[PDB]
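Only one chain comes next, encoded as structure tokens, the form solved without this ligand.
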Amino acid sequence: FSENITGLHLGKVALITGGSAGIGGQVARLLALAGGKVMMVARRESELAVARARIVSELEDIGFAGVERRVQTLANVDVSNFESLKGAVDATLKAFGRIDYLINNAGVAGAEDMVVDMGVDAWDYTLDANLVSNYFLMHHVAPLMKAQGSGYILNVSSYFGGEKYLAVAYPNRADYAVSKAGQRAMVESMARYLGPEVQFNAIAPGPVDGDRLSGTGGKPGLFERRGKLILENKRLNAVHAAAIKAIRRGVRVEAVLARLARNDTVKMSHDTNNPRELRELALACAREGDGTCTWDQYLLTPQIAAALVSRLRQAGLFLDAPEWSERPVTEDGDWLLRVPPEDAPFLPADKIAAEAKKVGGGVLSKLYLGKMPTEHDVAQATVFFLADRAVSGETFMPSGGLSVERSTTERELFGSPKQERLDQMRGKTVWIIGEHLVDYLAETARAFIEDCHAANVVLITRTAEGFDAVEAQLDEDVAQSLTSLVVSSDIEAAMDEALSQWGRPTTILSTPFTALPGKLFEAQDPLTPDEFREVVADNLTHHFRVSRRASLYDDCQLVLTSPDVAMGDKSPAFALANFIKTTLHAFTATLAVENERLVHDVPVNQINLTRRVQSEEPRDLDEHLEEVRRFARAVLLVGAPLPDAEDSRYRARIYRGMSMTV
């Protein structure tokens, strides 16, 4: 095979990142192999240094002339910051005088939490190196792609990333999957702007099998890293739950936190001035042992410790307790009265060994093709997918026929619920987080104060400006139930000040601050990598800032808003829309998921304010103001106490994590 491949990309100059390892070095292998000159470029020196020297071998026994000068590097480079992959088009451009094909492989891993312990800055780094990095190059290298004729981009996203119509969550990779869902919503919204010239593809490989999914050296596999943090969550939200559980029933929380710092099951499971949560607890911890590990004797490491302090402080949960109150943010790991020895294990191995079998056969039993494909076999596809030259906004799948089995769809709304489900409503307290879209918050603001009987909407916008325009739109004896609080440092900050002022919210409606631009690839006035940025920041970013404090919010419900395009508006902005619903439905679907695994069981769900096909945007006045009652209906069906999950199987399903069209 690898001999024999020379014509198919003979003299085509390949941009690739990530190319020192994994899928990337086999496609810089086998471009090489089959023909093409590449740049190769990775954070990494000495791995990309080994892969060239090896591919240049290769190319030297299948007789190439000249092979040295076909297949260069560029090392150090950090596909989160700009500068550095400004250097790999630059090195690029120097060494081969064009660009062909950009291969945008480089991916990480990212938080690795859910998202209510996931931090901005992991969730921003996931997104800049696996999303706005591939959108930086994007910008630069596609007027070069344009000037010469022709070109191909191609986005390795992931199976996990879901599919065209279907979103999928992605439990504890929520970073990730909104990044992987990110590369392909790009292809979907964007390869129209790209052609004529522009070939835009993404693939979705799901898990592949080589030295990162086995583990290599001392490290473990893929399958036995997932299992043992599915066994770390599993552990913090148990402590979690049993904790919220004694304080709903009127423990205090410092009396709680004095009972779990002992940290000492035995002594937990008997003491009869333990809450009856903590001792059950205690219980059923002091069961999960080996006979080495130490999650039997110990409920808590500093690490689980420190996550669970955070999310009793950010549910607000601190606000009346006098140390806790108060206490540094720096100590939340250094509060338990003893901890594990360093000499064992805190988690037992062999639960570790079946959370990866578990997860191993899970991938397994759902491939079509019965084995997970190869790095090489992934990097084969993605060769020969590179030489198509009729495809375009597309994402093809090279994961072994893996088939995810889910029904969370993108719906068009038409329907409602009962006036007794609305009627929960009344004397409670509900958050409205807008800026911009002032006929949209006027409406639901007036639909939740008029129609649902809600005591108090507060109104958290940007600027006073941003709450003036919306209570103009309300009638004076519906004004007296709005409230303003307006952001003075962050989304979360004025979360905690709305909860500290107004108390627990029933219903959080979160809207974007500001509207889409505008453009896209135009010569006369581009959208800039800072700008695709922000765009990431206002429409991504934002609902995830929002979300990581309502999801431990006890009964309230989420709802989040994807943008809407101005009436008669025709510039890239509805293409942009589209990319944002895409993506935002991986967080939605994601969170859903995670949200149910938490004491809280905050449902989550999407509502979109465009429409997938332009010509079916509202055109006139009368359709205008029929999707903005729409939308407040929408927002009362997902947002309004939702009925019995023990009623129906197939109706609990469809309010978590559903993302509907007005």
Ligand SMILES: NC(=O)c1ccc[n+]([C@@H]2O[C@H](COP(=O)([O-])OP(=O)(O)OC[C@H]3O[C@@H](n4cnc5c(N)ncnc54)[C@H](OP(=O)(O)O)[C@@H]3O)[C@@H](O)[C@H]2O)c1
Given for the second form:
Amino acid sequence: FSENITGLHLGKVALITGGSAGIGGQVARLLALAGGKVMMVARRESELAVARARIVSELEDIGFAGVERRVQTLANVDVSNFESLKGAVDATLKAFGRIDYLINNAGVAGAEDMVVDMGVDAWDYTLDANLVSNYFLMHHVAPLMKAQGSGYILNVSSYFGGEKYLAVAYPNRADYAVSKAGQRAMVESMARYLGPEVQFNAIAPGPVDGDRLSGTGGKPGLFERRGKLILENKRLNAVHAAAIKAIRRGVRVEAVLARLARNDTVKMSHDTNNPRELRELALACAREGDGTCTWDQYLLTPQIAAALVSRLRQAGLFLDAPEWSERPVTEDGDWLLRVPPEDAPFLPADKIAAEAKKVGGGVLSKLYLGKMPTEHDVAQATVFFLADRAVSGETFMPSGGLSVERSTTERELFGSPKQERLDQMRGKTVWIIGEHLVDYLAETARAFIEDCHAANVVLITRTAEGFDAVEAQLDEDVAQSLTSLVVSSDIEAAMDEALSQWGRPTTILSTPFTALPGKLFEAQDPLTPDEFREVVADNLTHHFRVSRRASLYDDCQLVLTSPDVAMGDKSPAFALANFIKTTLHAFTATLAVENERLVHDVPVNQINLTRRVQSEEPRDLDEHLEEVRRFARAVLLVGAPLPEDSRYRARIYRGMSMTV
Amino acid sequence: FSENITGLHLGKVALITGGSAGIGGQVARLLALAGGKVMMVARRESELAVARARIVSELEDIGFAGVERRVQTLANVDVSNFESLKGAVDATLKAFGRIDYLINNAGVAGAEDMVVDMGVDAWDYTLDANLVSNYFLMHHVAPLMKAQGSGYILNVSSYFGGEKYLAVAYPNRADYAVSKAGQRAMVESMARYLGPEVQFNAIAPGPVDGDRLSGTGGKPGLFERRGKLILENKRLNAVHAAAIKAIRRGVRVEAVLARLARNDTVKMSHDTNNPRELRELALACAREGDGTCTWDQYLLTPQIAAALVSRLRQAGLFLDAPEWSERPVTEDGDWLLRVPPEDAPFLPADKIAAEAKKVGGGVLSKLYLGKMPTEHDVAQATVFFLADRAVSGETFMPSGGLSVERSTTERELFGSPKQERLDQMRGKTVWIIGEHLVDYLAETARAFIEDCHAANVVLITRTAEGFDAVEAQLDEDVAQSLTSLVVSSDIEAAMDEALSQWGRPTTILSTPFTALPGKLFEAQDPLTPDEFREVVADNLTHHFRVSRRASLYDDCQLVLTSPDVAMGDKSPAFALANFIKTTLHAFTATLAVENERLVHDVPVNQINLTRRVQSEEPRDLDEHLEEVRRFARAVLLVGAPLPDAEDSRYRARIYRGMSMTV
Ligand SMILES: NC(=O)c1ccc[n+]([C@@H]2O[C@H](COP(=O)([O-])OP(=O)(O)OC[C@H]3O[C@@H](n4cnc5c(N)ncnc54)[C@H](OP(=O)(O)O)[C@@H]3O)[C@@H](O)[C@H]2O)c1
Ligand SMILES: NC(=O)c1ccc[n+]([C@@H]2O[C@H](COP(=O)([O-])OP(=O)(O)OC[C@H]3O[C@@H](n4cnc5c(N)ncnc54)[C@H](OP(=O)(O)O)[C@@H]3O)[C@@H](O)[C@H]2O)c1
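Any chance you could show the form deposited with this ligand bound after that form solved without this ligand?
Entire complex below, previous chain first.
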């Protein structure tokens, strides 16, 4: 095979990010063997030098001449650092005089945290490294490809980013799932604008047999890594649920934490003073041990204890607690009276190996081809696909025939709920977050106040003027139930403030503060990488920031809104709205599953203000008014307290994406 | 060095149907140049020998040895003749000792007729040649591939068969679109059973630049062919629409036909004898001429006149017409008083070119890559795809980035029709076609009679016993509104009889008479090609045969039901149900668009009794009874008189061509 493809890519120049190991390293090798010139870029010089030396050796044995000039490297290229990516494009043009193929391969694992535990800096790092970097490179390279008459951009996505019309939940990995869904959504929505010169496709492999999944240099594999994270999250969620259940029946949060602080399962289990939830928790913990590990003797590590206290604080459960209201956030890891010893593992290696084979068996049983493809197999497929000239706007699936069955698919709404369900909103508080969508925000505020009899709608805006524009659309009697909160720092602080001032909401509607831009690849005025980064911030990160608070509120429903497009617009705004709809659905689907494992059990659903087909968009004022009214009906459908009456019914109100 | 890609397919053996020209011929060529051994099969020996000679000559140049033995042919292999296909497999094994790749490439264009004009034999020819032929070959080669531990089956589909979760309408081509959708649906639903040894994928190119599309030797190009058939259908549809509007106003059908038989635009335009609909028709026809063609002077050719009378007869409009009911069907082309002259064209060359440019422009404007791919470009993509070892169950799209925007996704049902809309069923007649689905047919009969106040539910069955079982589930007071009609010849005859006895229905629910088989590729008891052909007859052709009559009924709504699976079943029935859902959706989407062009304007929607996710299927009695009730609500949603485009453009579109899963 590897000596007999010299004709496939002869003279083609490829820039490969993360080109030193894994799939990227195999693609670099096979492109070279197929006669291509490669610029391999990555952070570490040592892996890059060894990988390049091995490829150049093989090129010699095949009988290439001038081997040293066919394969080049640039180290210290971090896909989260845009300046270093511009350096990679400049080095490729200096070595080779052109770029034919851009392979967006580099990907980080990301935060590996439930959304309620994930940091904004960790989320931003994952989205910058995995998604915004790809747009950065396309921005710089696509014009060179269009000027020479040809090029190919390939995004390396994942099966866990979903497929066209079918989102997938990836619990504990929402930042990663969104970033991978984003890579594919870019291909689906932007390939139109890269044509006719540039092909733009994605690959979506699932788990891949090589050193990183296997485990290399003392380090455990990805199935084992996921298994360990599942057990950590199970213990956090179980201690968290006990504390919340105790607080819900009126145990003081200081009394729960004072008793958790003693961090002794034996004592807590047999102590009469401890609330029943904590007694039961400690009994259950005490039965889970193996004889070496410590988790049967201690409830918490400092790390899990820090995550527990942050969840309680974020839910507003410290607002009336003397000590805890003022304690510095920097001491969240320091409140346990005793801690597991450094000498022994917290988690039992048998329960880790069992969770790891449940994860593995789960994927392995869904492969049509019976075995996980190797890195070589995925690289081979990639190099074959790069030779085709008739495909654009598609995601190839070199996954082993991986088929995870799910019913999480964008639906067009035409249906309603019972006035009895709506009458449960009477006297309740709801939050609407928004700015530019005045007609939609006003009709929703009207529906909640006038049709559902909510006592208070807190309209959280970027500016006072945004409030005034919505208030001016309501009758004076309806506006009497509209409260203004203008963001002064960040949305989480505005949500913390709304909660402390006016109480716990029953419904939170999240809408973007800013309209989409009307540009993408136009030579005159293109969307710059910074502007695209801001689109991601305003339409994806914004929802994550609202979601990470909302998911901690008892008896609350969360509704996420994807972007509108102005009537009669013919710009790439429509393509950007469909990019957001797809990418946000990965978030909605994943968060809906994570929230069902949390004691707060918050339903999450998505409403879309842009249709799939641009000619079906509203085209006159009657159709606009129909859509505004349908939007408010969809918010009430997924935002009013949910009616299990049925296994089918229960699935249909978590993680849905509904278009109006 | 520059031409060496032998690493991709050295020593792999391919059988390619339609291997002598077009995409198939270029696939055979590029597989051979990539080191593959090929058995090219087709009808004509002469074309096969030229194709084989050119490949063998091109091999010898780029320096292969043992070259004549690497490329073999078998003539007289026709995908509509299953014995000849078995021969092709035996010849591949004789020549090369194994088969690695099966390329299901041969296909026919099919009937090129609207559903309401298409013959059952034309439909059956298309499905046998394009779809059942692929299963026939899969049935014979899959066990060979499983026994050697590896293989690849590639179905050559079309972009106009749609894509996963997104059907596409292909008006005038419903037989072809179903066959192409079927090729893809086999990949999506059966790859699990061909694994782990066998990769099973499709390709779905759009229009492909080569001899076939351009046309040669005075034979029209595909765009020009589609253009002329659009003009012929537009004239048939316009004459038919004028006739129907005249009959609706109360002009006797014998009167309308006596005037049409004069076949003279100028006299019809001016004569006051003539109903307003025919005068306006004649005036429009009279202004469409180019000075050469005759369609401005005659309304009809014998062919269009035969198609018109067939539409009127099948709508029951001859039931009270003495001369016409008794006319033999043989004479449907013989009733014009004058026919266009044989030497001059009926249709104007200029409007054909303008319809062909309109079809061409619509396609080209939707290509991301700006240019239609060549045959060579599609074949090259195919040969690169066949070297991959990690893809199964996918459709590749070497189309030039062809993107036709539509909103035909399959959806789960959570909907609400207003009681006001359901109340328009009061006093109306409904037809339910079925046999095996007793609980669903009974709850649907009960919903129409008790919740919607229909006067009459005609339950059209295969047997009296099937009627007796539905009737036994109903209260005596509901059962009073249930009428039995047992099929005695075919479903079309049973519909004509139901119409003649009990009048025009408001809703027709089509359900398959037979349950799906519980097998597919099992070595012990596989689904044979004949059994698979009966699945196609019972679950696709069945709905075609109902739809062809229903689509001619004023103020009727048509509902097509895809298969159920028995609770607890773990067989390939579930995969067959999903194969049918996808394939039937191509029919549903295409028929909804054709019917809007017809004067009758019959809505068509699909309801699916099987979910996409097997763990989501009903697991106990309670979940079964819930699904049964939800099915009957779904039939009411799409079966009651629908929303007008005038009321809402959005809502009008939702209720036409949908596929809804309960
Ligand atoms: N492996 C799987 O199971 C799997 C499954 C589905 C999808 N994928 C996708 O496949 C792609 C390749 O993953 P892999 O598992 O083959 O990777 P891997 O073996 O970890 O190799 C990653 C390569 O990327 C480089 N890299 C890592 N972080 C980087 C950063 N911040 N900036 C620049 N380069 C970086 C590495 O070198 P340095 O560390 O020196 O930078 C190395 O060259 C990713 O896009 C991933 O999401 C992988
Ligand atoms: N070309 C397009 O525009 C286009 C677009 C989308 C999809 N497709 C699909 O692409 C495939 C290839 O079509 P093409 O356009 O390349 O076809 P084509 O140019 O007509 O090629 C015909 C080849 O098939 C053979 N053939 C024809 N009828 C046959 C029959 N009944 N049984 C066996 N062999 C037969 C022909 O030889 P004999 O006549 O000697 O039998 C010849 O070898 C078909 O599946 C079609 O649905 C084509």
